[PDB]
Amino acid sequence: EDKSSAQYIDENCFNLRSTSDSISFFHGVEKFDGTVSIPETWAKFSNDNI
Amino acid sequence: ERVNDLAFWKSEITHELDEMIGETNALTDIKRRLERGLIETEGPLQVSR
Amino acid sequence: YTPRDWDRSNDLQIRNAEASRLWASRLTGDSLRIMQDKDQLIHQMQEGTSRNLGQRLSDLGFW
Amino acid sequence: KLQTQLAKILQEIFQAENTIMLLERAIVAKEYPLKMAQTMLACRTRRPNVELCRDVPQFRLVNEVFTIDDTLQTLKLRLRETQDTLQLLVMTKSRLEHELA
Numbered sequence: 255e256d257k258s259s260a261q262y263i264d265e266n267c268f269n270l271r272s273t274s275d276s277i278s279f280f281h282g283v284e285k286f287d288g289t290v291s292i293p294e295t296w297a298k299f300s301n302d303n304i
Numbered sequence: 148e149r150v151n152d153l154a155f156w157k158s159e160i161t162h163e164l165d166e167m168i169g170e171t172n173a174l175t176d177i178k179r180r181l182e183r184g185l186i187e188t189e190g191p192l193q194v195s196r
Numbered sequence: 090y091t092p093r094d095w096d097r098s099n100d101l102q103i104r105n106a107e108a109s110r111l112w113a114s115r116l117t118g119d120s121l122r123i124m125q126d127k128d129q130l131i132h133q134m135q136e137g138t139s140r141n142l143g144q145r146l147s148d149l150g151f152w
Numbered sequence: 356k357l358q359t360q361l362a363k364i365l366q367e368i369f370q371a372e373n374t375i376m377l378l379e380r381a382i383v384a385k386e387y388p389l390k391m392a393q394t395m396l397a398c399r400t401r402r403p404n405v406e407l408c409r410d411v412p413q414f415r416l417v418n419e420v421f422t423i424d425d426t427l428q429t430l431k432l433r434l435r436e437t438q439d440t441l442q443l444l445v446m447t448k449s450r451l452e453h454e455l456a
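If you read the sequences in order, they're chains A, B, C and D. The first sequence: position 15 = 269 (PDB author numbering), numbered continuously. The second sequence: position 22 = 169 (PDB author numbering), numbered continuously. The third sequence: position 63 = 152 (PDB author numbering), numbered continuously. The fourth sequence: position 49 = 404 (PDB author numbering), numbered continuously.
No wet-lab data here; the hints were simulated from the structure. There may be inaccurate statements among the hints.
Claimed, not checked - Derived contacts from chain D toward chain A, CB cut-off under 7 Å, selection only: (1) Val383; (2) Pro388; (3) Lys390; (4) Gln393; (5) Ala397; (6) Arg401; (7) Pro403; (8) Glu406; (9) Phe414; (10) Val417.
Even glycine gets a Cβ: it sits at the ideal position worked out from N, Cα and C.
Working from the sequences, and respecting the hints, build out all of it.
Given below as structure tokens:
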């Protein structure tokens, strides 16, 4: 379920483009840093579960 | 990627095509201005003649 | 009062005008070039954006 | 001679003005992809738990935000410069008019 939610969210962000209007100015998204893991660690996590 | 390469050459072609048109009119203006001096020169030629 | 220095003064004014005009023309040329460069750079970088998002979605689907 | 130079000053004054107008038209065209990137980064914040990650798309999205910021700053500098050149050129036209008078 977690990966399905992430896939849907990333699919939406890929679907939106410069022509779309649901956009907004979101200042500071660069300076904010919220991260828990790297892709290699995520892949290892899924591998260990399997 | 082929579309993106196709897009790149489209933008490059467009910019140079823009400038070429910008040169033809500037050369066209210098043509009419050059030609207009000939018609005036018949004036002082007549006075001198 | 300055019989022939008058000609030097008019010459000075004229050449000042010419130099300013030449600099202006150079600046217009550079402005057009930098505009084209920035436009192309932004488009190349956004298509790289799209390709990398697509790759990540593919890997997520596989897992 | 002053007449001909005044005419040339007129040419360059409009070239400066047209440059100003096309450049302001360019900045607003450049504005939108920045907020596109910011919306995408908000969606990245929406990612849940482990799937929220420092992936290549997120890193290069941050780089994209930085790059559009830089291009906006450079374009604004060029605007200011060409405005200054236009003002100077109008001043030269004024001097040539006075000398012709």
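Now the hints, each set against the structure:
Taking 7 Å as the C-beta cut-off, the interface hint given for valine 383 of chain D is violated, the closest approach to chain A being about 13 Å. The beta carbon of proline 388 of chain D is positioned within 7 Å of a beta carbon in chain A (closest approach about 6 Å), and the interface hint is therefore held. A least Cβ separation of about 5 Å between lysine 390 of chain D and chain A falls short of the 7 Å threshold, and the interface hint therefore holds. Interface restraint check for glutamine 393 of chain D: the shortest CB-CB distance to chain A comes to about 4 Å, inside 7 Å, so the restraint holds.
With a cut of 7 Å, the hint placing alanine 397 of chain D at the interface with chain A holds, because the nearest CB-to-CB distance is about 5 Å. Interface hint status for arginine 401 of chain D: upheld, as the beta-carbon distance to the closest one in chain A is roughly 5 Å, under 7 Å. The interface hint given for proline 403 of chain D is met, as the beta carbon of that residue sits about 5 Å from the closest beta carbon of chain A, less than 7 Å. With a least beta-carbon distance of about 3 Å to chain A, the hint placing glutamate 406 of chain D at the interface is held under the 7 Å criterion.
Annotation: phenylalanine 414 of chain D was flagged as interfacial toward chain A, and the flag is violated, the nearest CB pair being 10 Å apart, outside 7 Å. Taking 7 Å as the C-beta cut-off, the interface hint given for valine 417 of chain D holds, the closest approach to chain A being about 5 Å.
Of the numbered hints listed earlier, those contradicted by the structure are 1 and 9.
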